[PDB]
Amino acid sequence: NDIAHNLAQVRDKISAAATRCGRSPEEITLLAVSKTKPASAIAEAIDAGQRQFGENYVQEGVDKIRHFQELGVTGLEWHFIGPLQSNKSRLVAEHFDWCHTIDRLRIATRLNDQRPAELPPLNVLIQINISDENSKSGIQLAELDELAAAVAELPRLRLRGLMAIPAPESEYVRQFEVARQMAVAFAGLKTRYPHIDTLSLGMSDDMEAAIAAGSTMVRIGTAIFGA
């Protein structure tokens, strides 16, 4: 396919979905999910104006980060959106700008400790397992207040909101209901904690329900880079 054309098509759908439910299209960040795609494909996306990329595997993501740092491309934002094992946390703390997958205090404390002080604080989301019994990633909502309080004190992290990967769901009604559960948790978090502004929620198949429910960031891979 053509990455530049796909990017425009995805941005159009995001913009339409926001407009339909009265939201401004600027409220929704497109996170281009480049896992398993070569740097040359990311390079095409960059040449077409895309600046935020999400990677699922640490060494793959760090190799790409270094590649575009050495080319001297600036303005990029790299999000780690895969599960994080403790033996790979240092590479994430030293190179990524965001991490969506905080689901236990020890991994956040490791990231905090391994983040150099000269870098900006690592932007982190707490991941909720909202509806997926087949996943072991993410916390239950009942554990959120406690974990958020603990994570919030880490000086080299910045708690920015929540992420979830709901169980696959074909019914729009259930897509919206599950997404609203996350939006409701997001809003409650936003009242007490400072600078809560990111709800990472939604991919191609549930994009409309996620945006209608209150997502601020959709994660799109196949529809941009192909399969």
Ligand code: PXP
Contents of the next structure:
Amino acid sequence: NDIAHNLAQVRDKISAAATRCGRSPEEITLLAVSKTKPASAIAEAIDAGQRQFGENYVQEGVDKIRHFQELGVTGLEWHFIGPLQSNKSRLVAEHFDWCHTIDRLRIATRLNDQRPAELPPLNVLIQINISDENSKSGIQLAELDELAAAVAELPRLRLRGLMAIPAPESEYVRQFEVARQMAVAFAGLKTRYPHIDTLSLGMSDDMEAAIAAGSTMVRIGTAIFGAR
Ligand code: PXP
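Give me the form deposited with the named molecule bound now, not the form deposited without the named molecule.
The complete assembly is shown below, putting the previous chain first.
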């Protein structure tokens, strides 16, 4: 693999997908999903221009984070995008800049209470289980309003929007409709809540549908770093 080459290609596809549907490419944030890839591979991405990285497992994330802190690398943004058990919340709160997987209030409160006061608030997204009946992550859409309100008062967090890991679909129509469900909910949150600007939605194979539907952040793993 040439990570630098993949980055530019993915970025071209992102830019193509945004322009094709009348969006500025500036609206879509590329989040490089570096789970199960060595810090050397992240380094190749960092050198090529990538600054935003997503990790699914806490210790693996912190190692990579501590590592690039020691090298002195600036302007990085680390998103934790895997499920978050209670006993591993302290590590996420101390080292990450974003968490995409808030799906119950006890975990949000722990993250709030373990977040060092010198750090800016942890940017958090509420995860919706929009279409996956084999998953236990994410709330139902009916729960969004209540959970968003509870989480919105936590002063060491900053509620920024919604995330969803849709059940896998092959039909492009279903990818788009499911993503549109999320964008509608995102839209509705934004009419009421301050600084709702992030809809984390779309991976390597449903990128186009997700961007057409209104996603602001795609989470690309395979098309950048190869397979896992
Ligand atoms: C939460 C999350 N986002 C993004 C990805 C990236 O998927 P892909 O490799 O197809 O780009 C993954 C892979 O597990 C993921 O779990």
